[PDB]
Every structure is written in C-alpha cells, then in structure tokens.
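Colleague: The residues making up each chain are set out below.
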Amino acid sequence: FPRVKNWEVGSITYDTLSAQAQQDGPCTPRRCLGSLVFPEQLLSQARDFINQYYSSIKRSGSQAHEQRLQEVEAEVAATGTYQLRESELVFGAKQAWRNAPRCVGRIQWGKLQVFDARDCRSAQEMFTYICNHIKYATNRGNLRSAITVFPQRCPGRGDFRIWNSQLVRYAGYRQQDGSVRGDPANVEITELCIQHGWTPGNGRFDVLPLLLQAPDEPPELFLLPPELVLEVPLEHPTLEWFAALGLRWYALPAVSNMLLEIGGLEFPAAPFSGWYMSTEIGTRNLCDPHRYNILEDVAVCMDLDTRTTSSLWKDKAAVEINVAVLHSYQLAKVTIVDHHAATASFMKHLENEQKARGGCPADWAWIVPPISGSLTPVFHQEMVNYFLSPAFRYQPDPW
Amino acid sequence: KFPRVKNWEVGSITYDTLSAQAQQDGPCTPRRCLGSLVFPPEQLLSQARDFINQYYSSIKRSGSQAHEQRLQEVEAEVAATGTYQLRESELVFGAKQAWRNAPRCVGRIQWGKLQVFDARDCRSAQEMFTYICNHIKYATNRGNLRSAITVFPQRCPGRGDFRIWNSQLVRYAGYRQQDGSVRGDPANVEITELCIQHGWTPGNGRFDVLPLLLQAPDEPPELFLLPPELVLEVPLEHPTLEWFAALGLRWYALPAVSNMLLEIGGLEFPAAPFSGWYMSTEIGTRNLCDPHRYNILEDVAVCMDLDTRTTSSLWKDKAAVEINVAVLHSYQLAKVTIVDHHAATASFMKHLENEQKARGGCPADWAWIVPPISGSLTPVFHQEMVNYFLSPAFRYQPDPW
Ligand code: HEC
Ligand code: HEC
Ligand SMILES: CCC[C@H]1COc2ccsc2C(=N)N1
Ligand SMILES: CCC[C@H]1COc2ccsc2C(=N)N1
Ligand SMILES: [Cl-]
Ligand SMILES: [Cl-]
Ligand SMILES: [Zn+2]
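So the sequence lines, in the order shown, correspond to chains A and B.
Read in order, the letters of the first sequence correspond to residues 37 to 74, 86 to 446 in the authors' numbering.
Read in order, the letters of the second sequence correspond to residues 36 to 75, 86 to 446 in the authors' numbering.
Careful: at least some of the hints might be erroneous.
What follows is a list of derived Cβ distance ranges for each label pair [stated by the list, open to error]: (1) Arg440/B <-> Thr52/A: 51 to 57 Å; (2) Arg191/A <-> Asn249/B: 53 to 59 Å; (3) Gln442/A <-> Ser392/B: 34 to 40 Å; (4) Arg132/B <-> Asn42/A: 53 to 59 Å; (5) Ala111/A <-> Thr353/B: 52 to 58 Å; (6) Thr355/A <-> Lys402/B: 26 to 32 Å; (7) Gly157/A <-> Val234/B: 23 to 29 Å; (8) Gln59/B <-> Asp224/A: 33 to 39 Å; (9) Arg106/A <-> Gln59/B: 45 to 51 Å; (10) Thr355/A <-> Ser47/B: 23 to 29 Å.
No lab work stands behind these hints: they were computed from the structure.
C-beta atoms are modelled at their ideal positions from N, C-alpha and C, and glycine is treated no differently.
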C-alpha cells in the first residue's frame with residue numbers, strides 16, 4: 037500500500053484504493069513513464096461494474112443484485128454484449144469522471160447532467176442532441192456540467208463518432224509563409240472540414256463546423272448556430288490597450304473525442320463538458336508557442352524589456368494575460384475558476400475521497416497548473432496514478 | 036520495446052534505449068505510478094565490474110590488458126578484504142557520472158566541468174572541517190561560482206562512517222518561538238535544535254548561519270563555526286520597488302548539498318558534499334514563498350498594495366514574480382553567479398539533445414525539472430521524460446541520529 041505525503045502540511049496517508057487498479061499503466065520498476073501524454088473479459092468487467100452499482104445504492108448481495116448479474120450474463124452469452132439500465136448509465140458516467148486522474152475539477156463529480164442519446168440513429172440526430180447539450184450546459188453563462196451518451200460500440204456495425212476534439216474550437220488556416228491564422232492546434236481538423244465541403248472563413252476565431260459520423264457512413268458537416276455559441280471578448284482591468292487586441296474565447300469546454308467505458312461497454316461518442324479553469328485559456332491556449340503564441344506581443348505592449356530573460360518579462364506578461372481572462376469572464380458573467388480556487392477545492396476532493404474510498408487516482412503533472420505551480424496546494428502533495436473503471440479513454444482518430 | 040519520448044511543442048521524437056540498462060528499481064509498477072514521491086559480496090563485485098567497464102569504456106580502452114588487470118585487481122581486493130579502493134582517476138570519473146545521472150538536476154549541461162577534491166585521506170572531524178572550508182573557498186570564488194565536490198573516506202566494514210549532519214554547508218537557523226511561530230527558516234528547526242543540544246549558543250535573527258556538525262567515524266559529532274568572511278551572502282533588493290530592500294531579506298550564495306550518499310561501483314561514500322550555483326526560482330519562489338518556509342508572499346503583495354481580498358486577482362502570482370525578479374536583480378548586482386528558469390531550462394534541453402547522441406537517453410524527473418513557477422513558459426514542460434536510476438549516483442540516506 038503506497039504511502040502518500042503532503043510536504044507543506046506534513047500529514048500522510050495510505051492509498052488502499054490503488055491496490056484495486058483495473059488496467060495497467062506505462063510504468064515499471066525499471067523506469068517511470070508517468071509524464072507521457074498517451086468475452087470472458089467483457090463479463091469480468093461487467094460483473095465488477097454491476098457490483099459497484101449495487102454497492103452505490105446499498106443493495107449489495109440482494110436478490111435484485113443477483114438477478115441483474117444473471118441478466119447481464121444471459122445477454123452477453125446470447126448477443127456478445129448487453130444493454131445498461133438508465134440508472135446504471137448515469138452512475139457509470141459519474142464514476143468515469145470521478146476516476147479521471149487528470150481532472151483537477153473532480154470536487155464536482157456528483158453534479159453531472161446525463162443525456163441518454165442511445166436511441167440516436169443518424170448524424171442529423173447527433174447534431175440536434177449536441178445542440179441541446181450545448182444550450183443546457185451553457186445556460187446563458189452559468190455553466191452546468193453535462194455528458195451526452197450516444198449508441199455503444201457494436202458487434203458488426205461501425206461506431207458513432209464526433210471527429211472534432213471539442214464541440215467548440217477555432218479554425219487554423221495555414222497561410223502561405225508557413226504561418227497559421229487561427230488556432231495552430233486545429234489545422235488538421237480545419238482541413239478535414241474543408242476537404243468535406245466546407246468553405247472556410249478567414250478570421251482568427253472562426254468556430255469550426257461539426258464533423259459527425261453515424262455508423263458506417265461518411266461524416267456530415269453541421270454548423271452551430273452562433274446564437275448557441277457563447278463567447279467572451281478579452282479585456283484587461285487596467286491595461287486599456289488589451290481590449291483592442293481583439294482576442295476572445297468560447298465559454299464552453301466540451302471534450303468530444305474520448306471514449307466512455309462502462310462495465311466492459313464502450314461509447315466511442317459521449318461528449319462531456321463543464322467549465323474552464325483560467326490557466327487553460329490564459330496560459331496554454333494563448334501562450335503556448337505552438338498555440339496562439341501572443342506572449343511576446345503582449346510584453347512589448349507592456350513596454351517590458353524582452354532583451355534579457357532574467358527580467359522575467361515572460362512571467363509578467365503571462366500573469367497579466369491570465370488576469371485579463373479572469374477579469375473578462377467574470378465581467379461577461381461566464382463561469383470560470385482560477386488555479387488557486389481550483390487547486391484548493393481539489394485538496395478538499397482528495398480528503399473526501401480518502402474517507403470515501405481510501406485513495407484517489409491523480410496525475411501530478413496534470414493537476415498542477417501551468418503557472419505558479421508551487422504557489423498552489425497540490426504542488427506539495429504526493430499523488431498516486433492508476434486506472435480505474437468506469438473511465439474516460441483516449442482513442443484513435445476515425446480517419 | 037524502447038520508450039518513445041515526444042516533445043509536444045515541436046513534435047520531435049526520440050527513443051530512450053538507455054533506460055533498458057537501468058541499474059536500480061523504481062517505485063512505479065504497471066499497477067500504479069508513484070513518480071511524484073519525494074523519497075523512493087557478489088552484488089558488490091558485479092557493481093564494481095560494471096563500473097570498471099564504464100571507466101575503461103570512457104577512455105576508449107575497453108578490452109585492453111590494463112582493463113582486464115584492473116578487473117582482476119578489484120576482484121582480489123574484495124576476496125581479500127571484502128571491499129576495494131578506487132584510483133584517483135576513477136573517483137573523478139565516478140563523481141561526474143553521479144551528477145550526470147541525477148534525474149532531478151536541471152543544471153546537468155555543466156556535468157563534465159565538475160572539480161573533484163580527493164579527501165579520502167581525512168583522519169578526523171577537524172580535518173573534515175578544513176576540507177569543507179577549502180571547498181567553500183574554491184567553490185565560492187568571490188561570487189564567480191565553480192562546481193565542485195569533496196569526497197571523504199568511504200563506508201567501511203567494521204567501522205563507522207564520516208557524516209556531515211547538516212543537510213547543507215550553509216543554512217539559516219530556525220528558532221521555534223514560543224506561540225507556534227518560527228524565527229528563521231522553519232525547515233532547519235530540527236538541525237538548529239541539534240546544534241544547540243550539542244553546545245551551540247544560538248542567535249535570534251532570521252538569517253543566522255548555522256554551525257557545522259561534523260562526524261568522524263565512531264565519534265559523537267563535533268561542532269564547528271564557519272568563518273563569516275567565508276559565507277558569501279546577498280542582500281535582496283528590488284530594481285524599482287524601493288521598499289523591498291527595507292525588508293532586510295538575504296540569501297547565501299553557495300548551494301551545497303552535504304547529506305546525500307555518493308555511490309560508485311558498489312562503494313558508498315556517506316560524506317561527499319557537492320555544490321554549484323542557484324537557479325533563481327529556488328530562492329525567490331521556494332525558500333521565500335513556500336508557506337512552510339520563509340513564507341513572505343502576503344507581506345510583499347501587501348507592500349505592492351495588491352488586492353489580496355480575492356484569489357482571482359492573481360496577487361500571489363504577481364508578488365512571487367517580483368520576488369524572483371528581486372533575487373535575480375540582487376545576485377546580478379552583487380556579482381554572484383545565478384541562473385533564471387528560462388535559461389536553465391533552455392540549456393537543459395541542449396543537454397537532453399547531447400545525451401541522446403551520447404548514450405541514447407537521459408534519466409529525467411519531469412516534476413523536478415519543471416520550475417516551481419511559469420512551468421509551460423519554459424521548454425521542459427512540453428518535453429516527455431523517462432525516469433530511471435543509473436549508477437554511479439547521488440542517493441538519499443537516513444539521518445545519522
Ligand atoms: C466541473 C468543471 C471542471 C473543471 C474546472 C475541469 N474539469 Fe475535467 N477532465 C475530464 C477528463 C476525462 C480529463 C482528462 C482529460 C485530458 O487528458 O485532457 C479531464 C481533465 C481536466 C483538466 C486538465 C487537462 C488539460 O487539458 O489541461 C482540467 C484543468 C480540468 N479537467 C478541469 C473529465 C471531466 C468531466 C467528465 C464527466 C467533467 C464534468 C469535468 N472534467 C469537469 C471539469
Ligand atoms: C551547475 C549548477 C547547478 C544548477 C543550476 C543546479 N544543479 Fe543540481 N542536483 C544534484 C542532485 C543529486 C540533485 C537531486 C537532488 C535532490 O533531490 O535534492 C540536484 C537537483 C537540482 C535542482 C532541483 C532540486 C530542488 O531542490 O529544487 C536544481 C534546480 C538544480 N539541481 C540546479 C547534483 C548536482 C551536482 C553534483 C555533482 C552539481 C555540480 C549540480 N547539481 C549543479 C547544479
Ligand atoms: C479543451 C478541453 C480540455 C477540458 C478537459 O475537459 C473538461 C470537461 C469539462 S471542463 C473541462 C476542462 N476544464 N478542460
Ligand atoms: C538547497 C540546495 C538544493 C541544491 C541541489 O544541489 C545543487 C548542487 C549544486 S547547485 C544545486 C542547486 N541548485 N540546488
Ligand atoms: Cl481549450
Ligand atoms: Cl535552498
Ligand atoms: Zn511512474
């Protein structure tokens with residue numbers, strides 16, 4: 037049993053949950069790879096998922112429990128798979144999020160709105176489902192967490208897939224001169240949409256159309272009514288010239304390319320969303336050199352000295368950009384949380400989870416924010432990373 | 036299958052074939068990763094043979110008569126005495142590899158330029174103290190810092206070891222004031238009290254240099270005071286925030302780890318202090334802003350007149366940044382060697398590139414290589430890393446008391 041210690045406070049504990057890890061990770065006693073970004088087995092996984100559920104409603108070992116088990120086994124034996132019950136799906140989704148090692152916002156895992164789109168039959172339907180999801184979750188600015196689950200993977204049938212990595216993202220157009228107008232991170236998907244019949248725009252913040260895929264069909268292009276896509280223009284509380292830079296970002300962070308795994312079942316298409324932690328926008332999206340890379344320009348405008356790295360001109364500009372994002376989102380009344388408030392809440396989460404399950408899978412490298420790391424509580428907290436199921440998983444691109 | 040390491044900023048890829056030769060076992064298992072944990086006879090001969098081979102391989106004389114004789118020579122020494130002795134040329138080589146192999150060190154581009162002082166002829170605590178003072182002088186060099194390490198007698202069978210009780214040659218005392226608080230560096234409360242328990246008459250300042258507690262084999266630790274003219278220090282001041290200087294903050298110039306164990310070819314050296322120079326973030330961010338350290342963030346944010354009422358104003362980020370600026374400013378001003386996290390991380394990327402060509406890999410601890418503030422603004426954040434343990438190495442050992 038792994039001993040876990042917090043070095044700021046000094047307290048220690050023992051991750052007894054780690055022992056129950058479902059799948060295997062990349063690390064071996066020979067070398068750690070924690071910093072890398074990336086039939087009888089169906090039944091076993093399914094039986095375990097059923098157990099977690101009946102344990103979640105304090106009905107473990109009941110008649111209902113045993114029948115549910117026999118029913119799933121009967122189904123698998125006959126169709127090679129089985130269908131979950133509504134209550135199970137809801138419970139599963141929450142656990143997947145609960146078990147996400149890289150999500151710093153898990154204090155909220157119990158408040159998740161689940162939309163059941165398992166009856167979805169076409170791309171056009173997928174779109175209608177997605178738009179309702181976006182409307183509900185955006186909720187005019189007071190964001191609400193939600194996930195929409197589409198049909199599960201099937202024996203003898205293609206999968207449902209959303210080609211985009213997010214429900215909302217800006218286009219990236221490779222200019223001739225090697226530069227990129229828009230989000231460099233989205234050049235491939237931007238080109239795929241064009242390849243499929245979309246005439247592009249030419250702005251830096253063009254919301255990309257959706258490339259939705261129904262089983263064994265080519266993907267279909269859909270355009271999100273702008274009315275549905277809430278955005279925040281970025282301004283600074285005192286640096287007046289910032290507003291004039293014409294920057295902005297969308298309110299809804301919605302991952303749509305991961306797979307949801309519950310009791311041996313896989314949902315290649317189950318988009319989930321919540322709200323942003325300011326650093327993601329202020330630091331990663333706007334400052335990564337391979338993203339919008341605005342750090343230098345901002346500094347020049349801040350009339351800072353960029354000749355020497357030791358002046359810490361970079362840290363200065365980044366900090367002000369993060370302030371603008373926070374200021375701006377609060378101004379537009381759109382949910383957002385800073386890295387301090389978020390990390391503090393996560394320390395609370397670890398505590399609850401210790402009492403609840405005796406541990407909590409966590410990825411130190413992803414929990415610590417991209418700036419002011421040691422200024423946040425999690426930086427001084429040891430963590431154990433392991434894979435538990437239900438879970439959200441990465442999967443290859445459909446193309 | 037060799038691990039695939041990718042840089043996400045550039046997209047470049049390499050394979051770490053050097054990790055398959057990992058000498059020690061790490062904490063992780065395929066069941067769970069413990070990467071973030073701070074503390075993770087024939088066996089000797091197999092470690093000595095490997096070291097000797099590394100050595101002859103380094104002077105490109107592997108497989109020569111001199112090589113074979115050196116192997117046979119250490120085997121006989123072990124058969125006869127249960128241990129063996131290194132030659133000066135080997136000790137030097139070993140200490141360097143030990144630095145080169147340290148996963149948590151971002152200043153590794155400089156590994157080949159380590160100056161090794163052989164104090165294996167040390168006979169007492171008094172001599173240790175002399176060697177340490179010399180090291181400090183040579184290394185401090187009036188502000189133009191030089192990397193060095195002084196190796197004291199190796200651990201012996203049927204005999205106690207040499208040990209320097211302090212975790213560092215230069216540290217500030219920590220006095221637990223009556224009311225909970227701590228005057229000085231909270232981190233050195235225990236070592237401070239041990240110096241007192243052993244006859245030290247304390248001070249009452251915030252930056253009181255601690256005396257050294259040196260241990261000779263089978264001897265209670267003797268106490269020694271460092272000549273003030275030896276301990277070079279830096280008064281901290283900000284370049285534009287004139288009130289900073291008035292906070293009377295300061296830090297020493299010499300970063301010297303003295304409580305780690307140096308291992309070479311199965312041989313262990315419980316005492317072998319080493320030093321180089323600081324990376325700004327270590328002083329301004331960790332030592333001065335850690336809540337369990339000098340924890341001065343609020344006092345500064347206040348003097349900066351920032352709204353500390355709400356976290357969302359990032360007042361902590363602003364205060365910290367300025368403090369780091371002050372550290373850099375003060376050191377550059379005082380002509381004391383120092384490097385910021387942008388340059389340090391940038392050079393480390395060069396080191397990764399050098400090592401990939403030299404050994405087909407580099408053991409790196411991502412969580413320690415990434416600076417405490419402004420992580421993703423430095424190039425190491427976007428670099429995947431593989432962590433493993435190669436020997437020679439600097440290791441942690443339990444406190445002598
Ligand atoms: C309640 C608001 C909320 C906040 C704030 C939040 N999350 Fe996450 N989150 C994840 C998963 C899965 C990952 C790992 C994703 C990855 O590697 O990008 C993640 C990762 C993250 C990360 C780090 C990954 C990155 O790209 O930097 C942050 C920060 C984060 N979540 C913040 C599933 C969720 C779900 C699913 C039902 C919900 C709701 C959710 N997350 C809600 C939230
Ligand atoms: C050339 C100047 C130089 C710089 C700058 C430097 N080092 Fe290190 N360094 C280490 C070891 C060993 C560790 C891991 C130590 C630990 O966990 O305390 C380390 C860790 C570090 C760390 C991270 C640990 C922390 O406390 O935050 C930094 C930053 C660092 N070194 C900077 C041995 C060395 C040696 C030994 C011959 C030399 C010389 C050395 N280091 C020279 C340098
Ligand atoms: C660009 C999307 C990354 C996203 C990870 O996933 C979620 C899901 C809900 S909020 C959230 C988040 N803060 N960042
Ligand atoms: C408080 C000392 C930690 C020390 C780690 O060890 C070395 C050794 C030479 S410089 C250096 C350093 N930058 N920090
Ligand atoms: Cl994003
Ligand atoms: Cl220090
Ligand atoms: Zn690991």
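Colleague: All hints are to be evaluated individually against the structure, with a verdict given for each.
Modeller: These are the hints, each one checked on the structure:
1. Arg440/B <-> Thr52/A: 51 to 57 Å: violated, 29 Å
2. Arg191/A <-> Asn249/B: 53 to 59 Å: Hint holds: Cβ distance 56 Å, inside 53 to 59 Å.
3. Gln442/A <-> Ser392/B: 34 to 40 Å: Roughly 38 Å apart at Cβ, these two residues keep to the hinted range, so it holds.
4. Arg132/B <-> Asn42/A: 53 to 59 Å: violated, 46 Å
5. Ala111/A <-> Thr353/B: 52 to 58 Å: holds, 55 Å
6. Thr355/A <-> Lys402/B: 26 to 32 Å: Since the Cβ atoms of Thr355/A and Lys402/B sit about 30 Å apart, the hinted range of 26 to 32 Å holds.
7. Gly157/A <-> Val234/B: 23 to 29 Å: violated, 41 Å
8. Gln59/B <-> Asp224/A: 33 to 39 Å: violated, 51 Å
9. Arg106/A <-> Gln59/B: 45 to 51 Å: holds, 48 Å
10. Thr355/A <-> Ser47/B: 23 to 29 Å: At 27 Å between Cβs, range holds.
Of the hints listed earlier, those the structure fails to meet are numbers 1, 4, 7, 8, in rising order.
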